[PDB]
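Taken from a larger complex, these chains appear in their original positions, while the remainder are omitted.
Per-chain numbering from 1; labels A and B assigned in written order.
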Amino acid sequence: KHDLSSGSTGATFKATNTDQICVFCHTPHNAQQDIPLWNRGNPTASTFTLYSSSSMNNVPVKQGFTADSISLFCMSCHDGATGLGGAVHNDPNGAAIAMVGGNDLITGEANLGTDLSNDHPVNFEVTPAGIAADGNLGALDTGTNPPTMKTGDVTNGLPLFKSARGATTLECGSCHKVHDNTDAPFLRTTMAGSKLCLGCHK
Amino acid sequence: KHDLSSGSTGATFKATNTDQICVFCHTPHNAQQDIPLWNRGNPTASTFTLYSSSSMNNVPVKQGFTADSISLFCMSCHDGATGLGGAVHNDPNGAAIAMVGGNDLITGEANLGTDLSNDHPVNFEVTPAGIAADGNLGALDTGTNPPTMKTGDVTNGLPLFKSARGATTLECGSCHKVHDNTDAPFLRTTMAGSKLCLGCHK
């Protein structure tokens, strides 16, 4: 899916003036941030809302992302308003990347918009006190890099990410693995059987 | 019972084109409401009647549910008219969920229909004035989330739910716990001994 090459066969949206996989994401030189080789323009965090209800631990952090949130990286192409090709910084041929059909914005069901009223919670620090209060959020392992949240049925658990809210924070990349399409839509494991879901919500 | 997986052993009705527990109830993205990850189509409240007699406190609210009533969520599959698989919004494989035998409607004794003339009252605000008038509806605790109605014989009491009629409202989920089948048919405690019944009707 994320093979945006012109010669790709399974890509819904692909360029027409380049053949490279990685220019859409990674540039060897002249990148944006010291988070691996990011060459994509990201929006502001002030225009994003998250899931909030009186059953969680994220009440004060229900508005806005952080400046170092990977969820920002994902929504940079998964917001429905940022150009797929027009947001590049280090373009591959000195000009704007040509897009097929002229639709430089993601559409369809994959579009997420700007409101997360219908999405799984992201960018909040899972805490051992919160886990004890709920009593069902598995366990924590700190000896691994990155630290993972222990599960009673899945090997290696789910990776966690460091953010402003804390060093053990759930994120857009917790479930989705961008590069590996072994279990589409790039889930960390094949979802049939609910075994990934049972990893956390036991 | 509510394990609608194809590989389930104790489910009366199960799908044949999926293996996931939660797609029938919860979808990670593109949900219906900001009430936890609801992916089920609910009917209108105008076609529902409730228990009403000259011994209660719910005389003006004996017709119709609210738009935010959990009882609506439960009757969405427990009405006897809404499709068990056809009412999903975010389907798991891009098509309608296949049902065994083709009976996409609940039948048997578990069917409740649309008339509650033979059911325990639901969706009404229990009030301290009403409790004092009756003199037997236990007591109230507001320091817990959700607020519970105190009982003289059962630990932790019964949870209450917030609705349009009020913040302390009895509901379909007051007695039934959807996920925990420790005491089937998903009662909050084992019913033998009438100890749950004695919790309120002392």
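As a working rule, contacts are C-beta pairs under 8 Å (C-beta built on N, C-alpha and C of every residue); 3 or more make two chains touch, one makes a residue touch a chain.
Peer 1: Assuming the 2 chains shown are copies of one sequence, what number of copies does the full assembly in this structure comprise?
Peer 2: Of the complex's copies, 2 are shown; altogether there are 7.
Heads up, the rule we're going with is that only the chains that are shown with their structure count from here on.
Peer 1: Using only the C-alpha atoms, find the rotation that maps subunit A onto subunit B and quote its angle between 0 and 180 degrees, to the nearest 5.
Peer 2: 60
Peer 1: Please tell me the distance, in whole Å, between the geometric centres of subunit A and subunit B computed from their C-alpha atoms.
Peer 2: The computed centroid separation for subunit A versus subunit B comes out at 34 Å.
Peer 1: Residue numbers of subunit B touching subunit A in their complex, please.
Peer 2: 5, 7, 18-22, 28-32, 34-37, 145-146
Peer 1: Using the touch rule from the top, collect the residues of subunit A that touch subunit B in their complex.
Peer 2: My answer: residues 51-55, 109, 112, 117-120, 175, 191-194, 197-198.
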